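J.: Work the whole structure out from these sequences, hints included.
Protein chains: 4
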Amino acid sequence: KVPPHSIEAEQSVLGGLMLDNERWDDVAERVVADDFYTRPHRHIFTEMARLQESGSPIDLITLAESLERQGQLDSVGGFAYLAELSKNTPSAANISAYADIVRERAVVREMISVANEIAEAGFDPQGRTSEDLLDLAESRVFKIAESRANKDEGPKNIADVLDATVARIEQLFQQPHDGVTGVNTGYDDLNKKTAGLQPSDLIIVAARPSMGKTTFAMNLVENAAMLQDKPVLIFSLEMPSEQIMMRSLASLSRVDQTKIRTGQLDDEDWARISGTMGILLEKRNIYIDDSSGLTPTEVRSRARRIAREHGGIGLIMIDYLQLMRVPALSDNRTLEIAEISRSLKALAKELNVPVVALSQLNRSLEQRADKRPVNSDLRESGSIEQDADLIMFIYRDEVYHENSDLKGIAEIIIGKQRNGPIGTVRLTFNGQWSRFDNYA
Amino acid sequence: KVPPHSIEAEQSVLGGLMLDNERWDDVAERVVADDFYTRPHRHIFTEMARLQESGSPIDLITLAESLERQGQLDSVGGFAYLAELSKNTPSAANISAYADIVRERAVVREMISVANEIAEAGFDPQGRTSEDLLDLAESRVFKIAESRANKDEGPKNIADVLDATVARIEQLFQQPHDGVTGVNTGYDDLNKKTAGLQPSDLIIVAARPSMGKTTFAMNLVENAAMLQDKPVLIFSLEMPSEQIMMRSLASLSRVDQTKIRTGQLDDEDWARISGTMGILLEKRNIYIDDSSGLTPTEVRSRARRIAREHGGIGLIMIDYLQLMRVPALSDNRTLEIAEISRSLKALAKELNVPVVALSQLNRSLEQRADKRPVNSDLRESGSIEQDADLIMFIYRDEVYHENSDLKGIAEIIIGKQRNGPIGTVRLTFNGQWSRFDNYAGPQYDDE
Amino acid sequence: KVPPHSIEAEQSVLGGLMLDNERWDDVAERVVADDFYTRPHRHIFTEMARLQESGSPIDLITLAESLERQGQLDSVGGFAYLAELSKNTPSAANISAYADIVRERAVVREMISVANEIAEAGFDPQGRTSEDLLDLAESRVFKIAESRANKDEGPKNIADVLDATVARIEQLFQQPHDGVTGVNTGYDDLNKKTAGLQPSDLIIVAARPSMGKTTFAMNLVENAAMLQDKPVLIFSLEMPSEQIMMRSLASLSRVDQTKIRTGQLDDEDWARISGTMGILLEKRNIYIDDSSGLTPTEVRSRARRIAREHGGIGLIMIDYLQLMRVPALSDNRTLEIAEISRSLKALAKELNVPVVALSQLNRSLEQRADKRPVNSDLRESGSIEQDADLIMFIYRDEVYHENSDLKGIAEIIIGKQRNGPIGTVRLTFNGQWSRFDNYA
Amino acid sequence: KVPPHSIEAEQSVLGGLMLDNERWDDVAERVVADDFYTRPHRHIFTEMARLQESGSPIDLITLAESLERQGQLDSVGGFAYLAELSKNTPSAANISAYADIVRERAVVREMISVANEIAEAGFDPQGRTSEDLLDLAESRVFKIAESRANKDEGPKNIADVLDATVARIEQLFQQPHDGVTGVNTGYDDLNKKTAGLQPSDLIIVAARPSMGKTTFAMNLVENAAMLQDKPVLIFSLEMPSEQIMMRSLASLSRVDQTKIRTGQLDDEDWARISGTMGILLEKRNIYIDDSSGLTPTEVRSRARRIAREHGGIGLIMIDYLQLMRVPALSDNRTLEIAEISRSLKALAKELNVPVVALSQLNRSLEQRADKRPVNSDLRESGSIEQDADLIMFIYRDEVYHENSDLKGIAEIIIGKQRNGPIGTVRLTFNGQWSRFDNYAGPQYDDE
DNA sequence: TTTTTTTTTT
Ligand SMILES: Nc1ncnc2c1ncn2[C@@H]1O[C@H](COP(=O)(O)OP(=O)(O)NP(=O)(O)O)[C@@H](O)[C@H]1O
Ligand SMILES: Nc1ncnc2c1ncn2[C@@H]1O[C@H](COP(=O)(O)OP(=O)(O)NP(=O)(O)O)[C@@H](O)[C@H]1O
Ligand SMILES: [Mg+2]
Ligand SMILES: [Mg+2]
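Residue numbers (the deposited numbering), protein chains in the order written: chain C, 25 to 464; chain B, 25 to 471; chain A, 25 to 464; chain F, 25 to 471.
Think of the hints as simulated: they come from the structure by calculation, not from any bench.
Where hints are given, some of them may not hold.
What the hints assert, rightly or not - Only pairs whose alpha carbons sit at most 27 Å apart, straight line, appear in this in silico BS3-like list of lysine-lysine: (1) F:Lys217 / A:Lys283; (2) F:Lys395 / A:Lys395; (3) B:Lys167 / C:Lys431; (4) C:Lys254 / C:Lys373; (5) A:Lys254 / F:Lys167; (6) F:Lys440 / A:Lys283; (7) C:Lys175 / C:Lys373; (8) A:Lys283 / B:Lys307; (9) F:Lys307 / F:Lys254; (10) B:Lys307 / C:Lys283; (11) C:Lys373 / C:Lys237; (12) F:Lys167 / F:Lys254; (13) B:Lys167 / C:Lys167.
T.: Here it is in structure tokens:
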């Protein structure tokens, strides 16, 4: 089959570049040398780009001279071909439209070539599984989507930013929320400082092991799921889904987790758990993935799948950042952490969803006399601090000091809040129920 | 070209369904009639599904009669073809694998057809823009992804987790395990907090040298072996198997370890040891691999081999983690510890067996005024605290303080317990027999 | 000529694997894919290994499907060939013997190929010397012998452990060895505790070179040689043959080493040296072969070479164990010393020789406040604290402390001892003649 | 194929034996009749051996008569063939090399025949197991190695090493004659441990920049030149010969080098320098080559040239090895350093002269709290430690620490000494004259 | 070789 191309549009673009050099910027922004169908056209555009990068004006004589210097004058068709191309183009008024048509043709041919590669891989598995071929096809499709999504980037005037800002301000003012700007946390004090879980925010609640960090994250997930209808997504890499469900049942029904774990439960608590399960089946918005060692690309694919199937995602829960595995940057832990944080922040900005990702800390907290967590106390910190916008720290003096009077009191200390002042929220922790409640 | 198909696997599936009707459910869950390459095979599977939904058993005569009544007997090839299909298939033991093969072939053919459609759309835009074709291709790829490893495998859901949780809770309530849901530790106090050795748990018993850490681990192994029939696996990397067995005989027969080490044993203790050996040969559930510096891959291979041979593994014993060596991450000890911990937790989740991994402590324990071991006092903890769920620390103030009143009292402090609160279980240690027993003295409070 | 192969045995093995999957472990232990003569059989066994490692049962249909997915179904002969192979094999009862025959054929073909390579090297020297050709031939034959190895590990049954333990108990109790059990060490305290130089043992003394450790090993060699005529071997990496000989003469003759080195002409020392060398000639088992810069695999090869020469090794003296520095592990010496110790223990079990090494510690022995050889004084601790079966540490406080607390009671502290009580073994040392005596 | 042989070398050997009978001993020691490829050559060598053992001189006529009496004259080719063999050989000066070539050819032919036998045994096991064939191959290769056992050998056995022991005792009886066994260093303490500069020794004196390494090397050169008459050779690659001469004049005349460099010198020090120059012109045993970037081949050629012209070389000075450049191994510095060290060691063994080869250090020394240099601290270490025998390191704590009490005290620490115990030689450094002298202060007992 | 920045531990 003949590949879809428009050689006449390429000739018009090249002739307009020969005539006009001010509209060269539009052509350079729109298309590249690879977008031209014929290889001589690619060479011509490459020579034009090299001349314009040097600051030389784009004319027939200098272009032919440069092609002869590189020996490419004879390969492209000769100087007579260049003169014919210069003659053919009347004007460059619609050269942007011609470049758009050329880019359309190039994208279509790229899609056709990728489809041919997919068909070849299908006919020749070469020992690959179906999942590998599916992942390769999805990767190629996303590569084409990224290649087409390149015209969005561009420096815009302050007027457009002002119009978007005043439109958003009018939208916010016309929509009554009573302090609930983001997803409702279920805690009154948290809904005053943070004013809800804002979308496209990296929520970092890092704490020590056996501090109720997973428990508090689960409580936040439960409160959000009860206070919203948008489906949530849980990635419990470390904790099994069975333990997560047991903790959820203990927290929501206010029943001791020990009796649930042993299974020694009375029929009244059984009925309470049954009612909680009925409420959950009424919601059916929770999807817990217990797989561990997942790259952020897989997490992004799963999030896109759930958002496409279920109409967006209310919340994305991550077990903690120190359990995520990237084969590419597995050599250095800090580089891996930075890449994971960057990918998760890009995903959160992409789908406009608050992502609750926990983390661990460092031993220096125990080294300090005061065991209040700081930014440097975070395990492999820095890029975590930079990429995230809402970082909190769980503090429990009851754990450190047996004589502490803060027993039951958990201090969620906001390590970082870009929009708004940071603080410390006191809550009531029930170890038996594993329930975090508003402290009176 | 020729579409990728496996007619032989389809014939094997059809013959196995004609022979075996109990494995129909796996075939129905895995594949449908559309997964069959040939249209007669689609007809055959459709008729099989129709007969099975009616409750009719799947045999040759009833299927032939049903195809004759619908007139599809000649469409599928005839009764002789069906008889040939029934004859060719030897057994239906691997019919699940054949169904997986058919599903793979159908998925690849679907992918090829979708690629052909996308190429046709590319060559013929039909007025659609690039964005329209891209969205169509994305929709087709998403449909294929929804037709392969979709929620039928259950990657992430709520209702399935609820059903599994309520089934487990009902099973635990009906089971008269009486507190000990996991593998029995042989210690009543330990069976109250930890509720026995739960499967897929990384058990960390950390102690200073000469604290009877390996002694207590072997006591737990002996208690589990006497309280279960599932075979255990011991990796005595640090100590030789001779010393381990001598300590085991001293603990079980309650004979002085020094006398055994000198060999000067009377005939009464000799008869007690012989009876213990007879009990062990009755069990024969203990396999000790005293190879040192083992990679976790070798340990995983040995565990899979033993589980295949002896029908699972009850317990996995590891003799202190810093002896285990990973040549890939031998450059940095913390990376080695993290890799070992991750691989051991993956193995514990894989085979559903409680892994008892011992560990050492830090020198900061001597530096602090209170010598009770904490999580940070672990010898290069790192991911040890994160991956494990049953971290414990042996405390012997008798060793630290000569004037301590806790002589024989060894305090096992639970550093981390994910499910349940933490505490301190005191036990009676007998250094002569090297025996840890339940403390029957005054019940001190876990402060 | 036709290479020696048994295709029928290969067909029987493949058909038995198709019939029986339980005996797959025996075939995997016995042979590999390379042992199959024909390349299609190699591909078939490779596909079988890939299927069984995935957990899939090995049958005809799945194997054919996997070969078709990899495209190797047409290469091996087609599905009909596989069906014929499955049909031909009656049973898998004797598949172990068939696999042994296949392994024998593969080893014989390997030997034939190696002989052809040696003949080619002989015909075309390519500038190599005859010594190079001989070393290459020895290396090739050693590689064949190493490839002719078998299973070395495995979780032992409880019955075997019980038998070994009761044998050890009977050895400790019944046997009236009265101190010495193996080769006599010479030191009375070492005679009691270490029970002599036990064959197939790893005795590593960790101290400073030319600081009493070298003469300690020399006295060990002398005492071993005075009570047996078994050929002992010298592998001193510290001092040459002449200097070691001078040290040995000074130690045995009780003559000041200043007179041994700097010639003080007298007939009393000459008569003592004459008597010493007469006793040495009476023993007639000291074969000098000291060198520098080797690996314990080379030491094992030389042990086999000496066993070919004479047969039986009484003692190997490894002076300056830190002179085998591998540049890859020269910085962190702990792992290198651990690997060397493990290979030396393997060599000791191989030829039944009490392998004794002289590990070098750090300068902190004279610098740290803890003058005794503790983990700070040990070379990055690690392999000096553990691994080695007999890690003796020479606390010679004479060198460490100017006003020594140990003069004639210098402590041979044993960190780990398989047979004998650990502790500080105080021994007398004569600095004048470089002679280590035995303190009561 | 054709077996590898050199008939021409055999003919040269036979002709040289026919001409020269004094070199028969070397031929008998090296080769036998079996090393001759042709059977007539074997017969000829057998007759030659029989005649020489009988005491008969080896000439053409007597050998022809001896072959005629045994009837082997016709078997070897006749008298004309023997006359041709006697005619063809010009001289027997290189008959030892010809015998070595013949022995090499015989060894290769024996190896080929053994390989043929082993391949024949491999193709036809004749009931032998794989272990039997392996042991047979090992025995055959060991027999080939045993054919040259007296040639390829290392340390000797008990009786031979005892004879070497008593011989060395008799030799070291003569050792207390001067104390210095090699070239006198001029330093009493250095002449105790090292016993002077031993010939065929690679002396690596490595230090930090501006540590007096070149200064101390020049002091050693001056001491050797004043204590010997054999000519020395200096390769001042780093510094020009002008600075070298200024340092030499400052050291020998004990005048400040700063005043010499500025030229502001009094007439008394001028007369001292003139007397020193008169002493040097009396000696005239110093030859400096200040060219930089020189290959070891050029250095070896110049050394052989000087040894031929001036009757050997007393000392070879190299101004630090990393300045030496090899165009072939310029891609990798470590390979270049190893090649340079190997070539210099080969040259030192060739001419039997101690070579003064300086070296630089690494920056890991300043990283360490104790700045005492070690063997691994050497710049591009490894092969340097292997090839050299007299490695020393200069330590000056006065440079590192301003409050150090070792001002003027420079410690030469021996890192490697194959023949002798290593130690720390303290010296007194005079920066003004740049003079290294024996440390006359209180001796420090090295802890 | 060089050169940065993170954890852990002694
Ligand atoms: N039945 C119970 N009674 C009392 N306390 C309990 C009970 N069950 C759980 N807990 C407590 O709940 C907390 C669980 O904390 P958790 O969030 O699991 O730690 P974590 O930080 O998430 N683990 P990790 O993220 O891997 O470091 C601990 O403080 C337990 O003591
Ligand atoms: N007139 C002087 N007065 C005092 N000190 C001096 C004088 N002249 C030289 N020095 C010292 O002498 C030393 C010169 O040593 P020198 O041997 O040239 O260094 P180097 O080892 O060759 N450098 P490098 O080759 O990079 O290792 C330095 O410590 C100078 O400070
Ligand atoms: Mg958690
Ligand atoms: Mg210099």
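J.: Hints first: check each against the structure and report whether it holds.
T.: Here is what the structure says about each hint:
1. F:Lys217 / A:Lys283: holds, 15 Å
2. F:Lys395 / A:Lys395: Measuring from Cα to Cα gives roughly 21 Å; hence the hint holds.
3. B:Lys167 / C:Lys431: violated, 53 Å
4. C:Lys254 / C:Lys373: Holds, because 17 Å separates the two Cα atoms, which is no more than 27 Å.
5. A:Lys254 / F:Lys167: holds, 24 Å
6. F:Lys440 / A:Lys283: Holds, at roughly 24 Å.
7. C:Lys175 / C:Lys373: holds, 18 Å
8. A:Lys283 / B:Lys307: Distance ~70 Å between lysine 283 of chain A and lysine 307 of chain B Cα, so the pair is violated.
9. F:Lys307 / F:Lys254: Roughly 9 Å separates the two Cα atoms, so the pair holds.
10. B:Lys307 / C:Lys283: violated, 34 Å
11. C:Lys373 / C:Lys237: holds, 25 Å
12. F:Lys167 / F:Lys254: violated, 48 Å
13. B:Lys167 / C:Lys167: holds, 19 Å
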